[PDB]
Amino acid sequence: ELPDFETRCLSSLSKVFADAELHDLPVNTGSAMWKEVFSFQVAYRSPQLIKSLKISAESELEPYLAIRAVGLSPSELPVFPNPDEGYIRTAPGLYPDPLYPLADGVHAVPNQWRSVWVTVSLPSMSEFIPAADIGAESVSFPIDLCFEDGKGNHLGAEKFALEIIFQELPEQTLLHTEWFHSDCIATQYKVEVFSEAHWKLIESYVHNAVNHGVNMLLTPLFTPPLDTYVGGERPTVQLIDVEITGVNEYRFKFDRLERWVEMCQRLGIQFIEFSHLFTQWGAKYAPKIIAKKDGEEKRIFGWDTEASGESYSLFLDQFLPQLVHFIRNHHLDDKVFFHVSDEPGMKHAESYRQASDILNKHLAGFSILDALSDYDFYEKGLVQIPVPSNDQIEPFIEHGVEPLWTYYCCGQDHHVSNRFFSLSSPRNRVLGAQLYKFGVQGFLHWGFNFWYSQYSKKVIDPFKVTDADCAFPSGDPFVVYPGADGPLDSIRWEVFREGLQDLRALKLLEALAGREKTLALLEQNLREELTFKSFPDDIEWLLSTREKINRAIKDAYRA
């Protein structure tokens, strides 16, 4: 006689822990637009150990549907000291995060809730395979999920009803970069940088990025000078070929950059974000730069070459005009961004100025972006486009700074949206609504796939170490895991795309009904105005808000 077995259908916004009771309420309905990725999960529990469950879905949406297992990752540093009351947990342990192919095997483990995650990637209406009335406002499709043991006995089932609203979620216009660490791919898969095997993996990772709303890619002219200790290095990742012809004299080749840019174009990246040309913590030094003299490679710049020295000045006087010629020849003039150095403090205003001044002699007319969360520094007029943290953005909104950009990282641990393991899925997804309300033009994140320790002192295994060796709250350094042939998603990466989908849906309702009505619907029944710091951290609020937006779109009078 069969083991006992229970199921509960849930939204994408639950995190099901294997060591706790499940309080979440069942969710068996939702709505979506064409070209939207709609996700849900089913939790299940048995008192027995049941190995290699057979899980299947039956739906007209089967061509668009994937099922994955929600795996557990360790976190030794889930929180910084004194986590606010909105954290879902504070103790080290195992957290639901990675999403594994079902082919990898799925088990019921005694008296533990586990989950399977369902992704429905909807096409355009014109590509949809099932018959659907082109004149309907929406059509509902059942999705039935079935659990059986290894030997074909039925254990459980859940039915989900997805309503597809017959309008398209419009193309994303928000600029969105998640810094891509090519080096981390090379060291994890054990391939040489810019080998053909490395290029193939790069393509897989970029494809995943684009699919999750990344339209701007960090482009390593020289080894990005990021997360490296003073006097330290990361593996050489350098698209520019440099030949030393004599003292302070160079020649350049851009053929590997041209390969990179063509890859970007082909995979759907729209903007090229060139890597920083000076070090972190005040732009005092050059990046690591490698050059050939007489066939042989040597390091010509780095932590022993001051950024304000004439040597690095003369190098950029030769390089930058040649990069500008490349840009113009490839019709990239309005598609590029440059970086100086992030978050210069007031004590570094002078070194930042001297660095920024070098670029300004050559890069007139181009967008130059830098993380900058201090409005008093911004008033000095040294940074062109500031990228303030979402916990520091208030004075940039108050003063009408344009274009408005935001980021978050490990430092944004209080109140605001983030993507830590120990934070709820609503506190991730709500970013979409905040971006909408404040008219943000771009969002930046440092950690697509950062798989080293703090300061890149060692390589870590991201399946075992999720906090960069007790430096950053787990979830901060990476949203993808290394699968055998390409990325594995986290539930947090799926939920972040949902926030970008909410932004796109809000902008659609704005096109149909205007901004005043859209913003009023979004803030209906809130006790406090929506800000980057103040929102309901609540599954029911967010789901019912997006459902209202969808119904208002469905009901809108259309041209």
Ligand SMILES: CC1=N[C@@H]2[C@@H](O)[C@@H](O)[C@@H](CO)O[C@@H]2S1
The other form holds:
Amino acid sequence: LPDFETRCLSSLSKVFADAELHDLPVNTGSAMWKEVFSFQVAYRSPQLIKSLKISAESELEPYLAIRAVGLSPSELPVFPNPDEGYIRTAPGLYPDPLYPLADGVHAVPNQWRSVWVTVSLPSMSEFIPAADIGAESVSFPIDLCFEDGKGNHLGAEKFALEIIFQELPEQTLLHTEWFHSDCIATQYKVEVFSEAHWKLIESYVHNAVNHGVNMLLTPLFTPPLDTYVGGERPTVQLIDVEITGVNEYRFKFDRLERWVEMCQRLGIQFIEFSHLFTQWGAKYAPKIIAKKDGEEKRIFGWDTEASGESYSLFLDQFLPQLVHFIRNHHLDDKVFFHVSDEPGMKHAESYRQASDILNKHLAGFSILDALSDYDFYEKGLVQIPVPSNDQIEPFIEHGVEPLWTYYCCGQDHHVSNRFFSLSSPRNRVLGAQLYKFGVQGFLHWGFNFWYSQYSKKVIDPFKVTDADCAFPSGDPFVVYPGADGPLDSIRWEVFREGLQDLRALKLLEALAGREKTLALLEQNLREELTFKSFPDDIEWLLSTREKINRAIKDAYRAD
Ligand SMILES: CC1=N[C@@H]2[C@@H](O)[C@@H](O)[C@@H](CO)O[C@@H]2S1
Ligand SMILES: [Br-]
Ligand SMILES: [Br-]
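Could the form deposited with this ligand bound be shown next, to go alongside the form deposited without this ligand?
Starting with the chain above, the whole complex follows.
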């Protein structure tokens, strides 16, 4: 029999196959009802052992999954001059995708590998095992077993999960991760809005909702994002347009009704309409296709100026009809609009002209856009600014409400992000930051972006994770394409943990008040928590959440 060693670890370790493992063992934790709780087990052999049999024994087995932590390439792990908090800076193989056990799991000579364990807890009232509804908590063991192909025992670890008998309350943070339907169609080689495409969209949206996405980017017309000037992405257009004469249109909303019904069925709460003017300037219209005498033709795009009377007349016809749709489906308090993403100060006049067209028709509706110039908000050009987390200080200082934030490739220094080359505490700490600063919404551009920069070519996300050496690996997507639907990354699992932390902090505030809650979160910090300053440390984050959980368990409750 070969030598075989194991180590039980938290969800916040990243186990590399080319390095010694310094992380300390973790064999206990706590959670609430409705929480997803995760851990992992690292293992190593001097020998090549193929097709390990890995099993768990627990009363929690109906709620438990086990997956293999796979390795992904990164050619651009970092931009120049990365800060000292980065875990690695070299190109190589990084732990990231989570694969089904049925795909096969191996021990590879003198390499630490990992399996990842997910426990998706129900409500107390749906829980199948016996449980004392009058106890403050109950602990359950989870035993994980490794055998070879022939049934010889190789290793084991025991984890003890304490479940506290309170429910993690429903998320009220607004959270959008931009959803690229085109990337689904080109990966799976299906036509846009075929029945095969709709089935895949549903699977991808269900994953998003399960990970705390409650606001979905909704493609009225092909979203004008990450597209070179004079280029295109695959047509994704929910609105049907018939051109009936020069500057004269008729509209049908049937595909939009299908999309909205899908959102309501799967648990999306807010409809975020796609941008109506081109990125980084608001200079042009999106690609728009229409039918003339049965035949499809492009009527708007990079050859139709945003300020031209042609696009103005089109929107004067379209937008009142979309408002009628919104009122007829009782969506009045459930919608957001976009003008144009990421304008600079040099683009303020064009952004204003575009905003003025929408404001003729969309009075009473929420309008937001990603942009970070406070000087740009002062002049009333944008209703809800969404500043980046490294530029948020002036928005906080001036009491802007509702407060939103985002991050992307530009947020490479100090702040929370989700790059391969950053630690899992640096990802998960966002939750605590959103709590302390009273943030109302979080936006990310990259649920499943699987093209290169400017959408010049299709890439394979299992081979190219940096959009062809443009964006640090991890920025453009959190899910990979499995055979029948999405595969999670460890980064996506850790992001959900941050959201859960925010929900736990808000519960402790309901029970004990904001002053005591903030005092607990900041206990023994050398410096105040900010978006740029925090302990990047596994023990700090785990012990802080354990303290929050203990305070909830011990609090005096009303019925
Ligand atoms: C809201 C955003 N808009 C941009 C996206 O379209 C991408 O280019 C991304 C790259 O990191 O950067 C920003 S994040
Ligand atoms: Br051996
Ligand atoms: Br929340």
